[PDB]
Every structure is written in C-alpha cells, then in structure tokens.
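S.K.: Read off the chains here:
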Amino acid sequence: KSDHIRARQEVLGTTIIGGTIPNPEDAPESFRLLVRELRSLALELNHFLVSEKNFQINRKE
Amino acid sequence: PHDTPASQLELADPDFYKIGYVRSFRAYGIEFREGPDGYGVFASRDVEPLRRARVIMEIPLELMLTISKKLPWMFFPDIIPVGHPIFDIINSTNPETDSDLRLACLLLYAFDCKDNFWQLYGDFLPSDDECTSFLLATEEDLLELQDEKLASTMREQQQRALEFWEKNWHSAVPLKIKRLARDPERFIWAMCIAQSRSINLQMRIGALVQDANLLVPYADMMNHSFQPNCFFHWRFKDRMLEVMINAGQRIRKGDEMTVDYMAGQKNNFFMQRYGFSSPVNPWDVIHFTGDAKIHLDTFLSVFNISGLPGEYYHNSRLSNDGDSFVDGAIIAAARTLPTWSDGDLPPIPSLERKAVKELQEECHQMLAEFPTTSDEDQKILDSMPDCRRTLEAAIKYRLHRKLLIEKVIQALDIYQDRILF
Amino acid sequence: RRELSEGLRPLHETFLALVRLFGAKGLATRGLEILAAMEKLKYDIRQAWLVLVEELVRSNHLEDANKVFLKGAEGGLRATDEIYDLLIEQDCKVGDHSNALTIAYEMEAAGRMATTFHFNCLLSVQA
Amino acid sequence: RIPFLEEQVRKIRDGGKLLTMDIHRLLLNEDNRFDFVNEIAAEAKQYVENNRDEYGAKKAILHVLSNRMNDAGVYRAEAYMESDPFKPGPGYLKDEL
Amino acid sequence: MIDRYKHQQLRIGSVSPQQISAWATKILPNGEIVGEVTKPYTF
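Residue numbers (the entry's author numbering), protein chains in the order written: chain B, 1009 to 1069; chain J, 87 to 507; chain D, 129 to 255; chain O, 54 to 150; chain C, 8 to 50.
With the rest of the complex left out, here is chain B:
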C-alpha cells in the first residue's frame, strides 16, 4: 500500500484479473533510503540471510 514500487504496480493487476497476491521479499524504499543516507556519512549497512540447510550466506540488495 505504501512505498514498494514494484509490488504496488502489480497488485492493481492481480485484482482486476482475480488472482492471488504474493508476499513481498525485497525491501521497501524507506529502507533503501536509510542505507543511502548512511553511506553518505561513511557507514555501511548490509542485510544477510544464512541458509539453515546448507549454511551459505547471501547478501540481499
């Protein structure tokens, strides 16, 4: 409903067609902005997910 650009544009379509709406995985813009602002004061924030099954670490953008 607020601030996820890709996701927002899809829901209007699912509804007109009659489909189901998936749960979003990417971050909202609000979060992306914070990272950019911090990277402006020379600090870095990263989000990683560690897979339970194989132990791999993946960096979400």
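No lab work stands behind these hints: they were computed from the structure. Take the hints with a grain of salt, since some may be wrong.
Here are the in silico distance ranges between beta carbons for each label pair [claimed, not checked]:
(1) D:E210 / J:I466: 46 to 54 Å
(2) J:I116 / O:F57: 27 to 35 Å
(3) D:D209 / C:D10: 16 to 24 Å
(4) J:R109 / B:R1016: 57 to 65 Å
(5) J:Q313 / B:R1016: 54 to 62 Å
(6) D:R158 / B:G1027: 35 to 43 Å
(7) B:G1027 / C:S21: 21 to 29 Å
Backbone N, C-alpha and C fix where the C-beta goes; we use that ideal spot for every residue, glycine too.
Based on these hints, arrange chains J, D, O and C on the given structure of chain B.
M.R.: Positioned in the frame of chain B, the structure of chains J, D, O and C alone reads:
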C-alpha cells in the same frame, strides 16, 4: 422392510436420553437400541466418505466419574468431601496394581450422594443376573471352561475382592461407610462394573495434563470390534468427551457403531476383564512345540495377506474373485505358525509337504485332549437358551478355541494345493 | 517379459527380488520403474519401497537413497523407525545437512518426534 | 417450544450472525488460534488458484468455512450466500438503515 | 518439536577509501572511467 442390523432390535425408553439431555448431553446421527444382549448404538443416517472426523456423541465432564493414575490422587468431577472417611480406604491401595478397587469405592459413594447423575443412571446399568463378568461365577462355571490357568486367575481375583470387604467394612465402621456396602455382593457388583466399563485416556483440565482412569456414561454402550468404525477424543475447552467417526469410512443406515477396547490382546484377557470371547481375534496364540516350519512369504501370497509383520491385512482388490475364507483367523495364523524365511531361495515343494503333515499332527493331538468335540459343544449351547450368562460364556470360549485350531488345519491344507499351481 | 506376455499377473515375491537386485546395483531409476508397475497391478508398495532404500545405503549409493525416500514420503508412504534413523546418521557422517533436516522434518510430520540422538547428529555438521 | 420466536430466528440467519457462531465452534477444537488462521488461508488460496472465475461475489474464505460445517453435519448454504426473495426488480437496492 | 529456523543478520561498519570508490565507479565502452564529479555546477 429393509434388512439392517438395527431392525431386529427394539428402541429403548425415551428416558435414557432425556436424563442426559437435560444435562448437556447431545447425540448426533445416532440412536440407541436394546436387545437380549443389552444396549447398543446404531446409525440413523448415511455418511459418505469424509475428509475429517465427525462427532456422534458429546458427553460433559460433570456426568463422569474420574481418578488420576499417579499417586497424588485427584478426582476431577470432585464428588468426595474433604475429611470423609472414604478417602482413607482409597488411599490405602497399592498405587500400581489396583485401580479397580479405587474405582469401585467411588461408584458406591456416588450412589449415596444426592443429585448425582449416577443415582439416576445406575438403574440402566447391568444387574447381577445380566453381567458377564466372571468375578460373579460359581465353581461349576469355572470348571466348564476347561482351562486350568484361566480358572485359577479368576479365583485369586474373587478372593482379592472379598478380602477388601472384610478389611474395610468391619463392625466398627461409621454408618456412612456401612450403608454404602452392607453385603459383600454389592462390592462385587461394583468391581464388576469398574473392570468391564472403565476407559483410560489422557485429559487436560485447565493447564494440567494427566492420565486417568474414568467411568463415562453413554459411551459404554458401544461394542468391541477389531475393525472399528469410531474413536474417543478429549475436547479441552468445553471440558467434554467426543466420540467420533473415523475419517474416510462409509457408513450406511442401520449399521453398528463400534470401538476397540484394547489393542493387541488375546482372548484370555478379554475374559478376565470383560467376559467376552471372539472367534476372530487377530492376535491369538496356538502353541506348537513341533519343530517344522513352513515358509513365510508364500503363506502370505496364497492368501493375499499384505503388510508389514505388525500390520497384516487382506488386500481385496487383488482378490477380484469374492473370497471369504480369509478372515481374522488366517491372519492370526500367520503370526503363530512357526516359519522359516531365508534370503530369496524358493522353497522345495516336497520338502514343505513333510512340514504340513507334522504340524497337522500336533493339531489333532490338541483337539483330542479336550473333553468334547466342537459339534458337541454347539449342542450344549443350543440345548438351553436361558441359562446363567456366565455359563454360556464359558461354553463359547471353548467352542471358539477349538474352532480356531480347526480352521488352521483347513488352511494349512489349502497351502498345499496352491503351492503347485 | 515372457510371463508378462503370457498374461499372468506376477506373484509378489518375484517383483521383490528384482528390486533387491536392482538396488544393489544402483539402478535407481529402473527400480523405481518396477514399483510403478507393482502399483498398477493393485499391490501395496510400502514393503518394497523400504527394501530399495535400505539396500542402496549398504551398497554405497546414498544420494539416490535419499531421493527415493523423499519421493516416497510425498506420496504418503510411512516408514519404519530404523530406516529414518539410518538415513539421518549416515548423511551426517558424510556431511549433508540438507538432506538430513528434510528427513527429520518428515519424521515429525508423520508422527515420530525427535530425541537426543537425532539432534546430536545434526549438531555435528553444524559445529 | 417458546411460542413466538420466529422473527428472531429469521433475522439471525439473515443477518450473518450464523457465521459468527460457526467460527466459535471451530475454534473449540484448536489450541493455537494463530495456526488455524494460517490453515484457512492456505485452503482459500488453493481454491482460487484452481477455479479462478467462480469467485468474486462468492468469496473463497466463506466457501472453506461452509465446507467445513457441511462435512460435520450442519447444513449451511454455500458461501453463506442468500438471495432476496422480495426485491422489486433489477437495479433496486435495499436500505438497511 | 524441531523449531523452524530462520537466521537473518544486519551488520554496520565504517568503510575504507577503496570501497567508497567501488560504490561509485563504472568503465565505459571507450574503456574510460566515470564517477568523480569535479565541477560545482548544478544543471
């Protein structure tokens, strides 16, 4: 009219249900009928195969009588007052073996307490004449069984009950205690009702999960089967017991609703607790000390028994041609007969023939040792229709044991013919 | 092939030995194929499925064994306690956490619940 | 039988109070409410994925719930949907003050 | 029961001079680097 199992029987008084209905007992899709055997529960509607379970009866906690299995003794409907003399009698019982005695005492108190469902319901329970429990059996009946070991156990049990009455119902007892069991036959009726009608389940009342022994009204009218239509479930929130139809089973009108009392047990136990015996007890044992062994896998194949050893069932789709010979007893047979199964090497046909005869020999010996033949027994049973109920039971135990030995002979022979196509 | 052509529906034991042999030899797909036929001719396949999986482990082809079990599980076929245990232990000794947790989760859904044995094995790969 | 309860019974069925009673029965079989909400949501999704065009005035969540009740023996209409027997004509709207 | 396990983490840290560069650098088809802005002009 349509032929249904229920048709033969007659409907019970309206009052069986009413007494319960005023309290919150509800029954759905069910009736209740009476017959010579006693009350039984039948169906009144058709249910198609179903996705999840359906409730047939809901019985509230207050109607029931219950005691916990472990040592701090907690009675959930809580009829007994603090300081009453009955607790001392209940407390002085071995925690592990006697729960029957504790339950008996509670039932007797209930009959003396006002406004307790049991005062009203007990009128519907079996009398001394109509109960099959062997605690109430004479020397003669015990003799007719023809088994030394069952007979002995029963006498030890009869004595245990008398001893309790003498020890606790002595002369100096306060009258509140005395009134409950003035004569010794009353204690015995109570132990008989407890053993025959008790159910063990795990119950959660509030946040306490405990395991208990309980006497529950209206659910005792179900009968045993080893291929059961229904089961028992505790619904915690409304504090009720639910009797429920198993998922996936078609039930047609006029059918009998059944539950399974104990699982995995032989006919000797059913007689000690319930005075009932079954021609087909899938788990019964006939003992052969004879050396010979037939091969296992083939046995299963000829008679289409499929499954793991623990669970054997007849696949009926494989048996396109309508067969009937295979029943509980052939399954029982599989487990009992000594068998050899090695690797994958196929059995030698002549080699096994030796085994079949040697095994049958043992069966003939067994049948002979008994005083009378199977046909003779039916005659005694048919001769007197009205007789002490315990006596008909004893004769029927005999007929049943013999009949299973006979079935095995018939079956081992059929193996022979089919080994060689 | 001949018997099949004759038209007789084969006896159960025969199919079984085939599975045992095929299993030794890692012929997983082929073994799986036999099972499908057993089903078409109205037979209970639970007993056989266990045999294929068991042997494959003794014959050192674990990867396929895991794959056979999982396919079976989806169908709804239940499993013996001993089999579940073998697969969880063996996988952890080689090092495969992924397969092991999937199997543990399935034991649970079917009904058996974990004990300290199962956890200890899992922890070995985790530490 | 109390003599004059007819209107109240018509209204309870018509109002949608039936649904409320049903939700309660069904939650008397469950320890965690949160899980039951998740189970019902999943069933509804399967139903809409399989036949998309049935739904829109018939709601999937309602269908899952009616189906549960009918399986257990209480007759409920499909998706708790009831027609207005007395509507004057097409394009006419009831004023439910 | 075996818990369903999810592990997620967030890490904060000061950054090296080489990184700040990589955040803003591209090499074109000419092979020429772009990214540093020198002039103060806006539009």
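S.K.: Are the hints correct? Go through all of them and say.
M.R.: Comparing the hints with the structure gives:
The supplied range of 46 to 54 Å is met by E210 of chain D and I466 of chain J, whose beta-carbon atoms lie about 50 Å from each other. Between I116 of chain J and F57 of chain O, the C-beta spacing of about 32 Å keeps the proposed range 27 to 35 Å intact. In this structure the supplied range 16 to 24 Å holds for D209 of chain D paired with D10 of chain C, their Cβ-Cβ distance being about 22 Å. Our hint of 57 to 65 Å for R109 of chain J and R1016 of chain B holds, since their Cβ atoms are close to 58 Å apart.
Checked against the hint of 54 to 62 Å, the C-beta distance between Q313 of chain J and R1016 of chain B comes to roughly 59 Å, which is consistent with it. About 42 Å separates the C-beta atoms of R158 of chain D and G1027 of chain B, a value consistent with the hinted range of 35 to 43 Å. Taken as a hint, the range 21 to 29 Å is violated for the pair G1027 of chain B and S21 of chain C, whose Cβ atoms sit roughly 46 Å apart.
Of the numbered hints stated above, the single one contradicted by the structure is hint 7.
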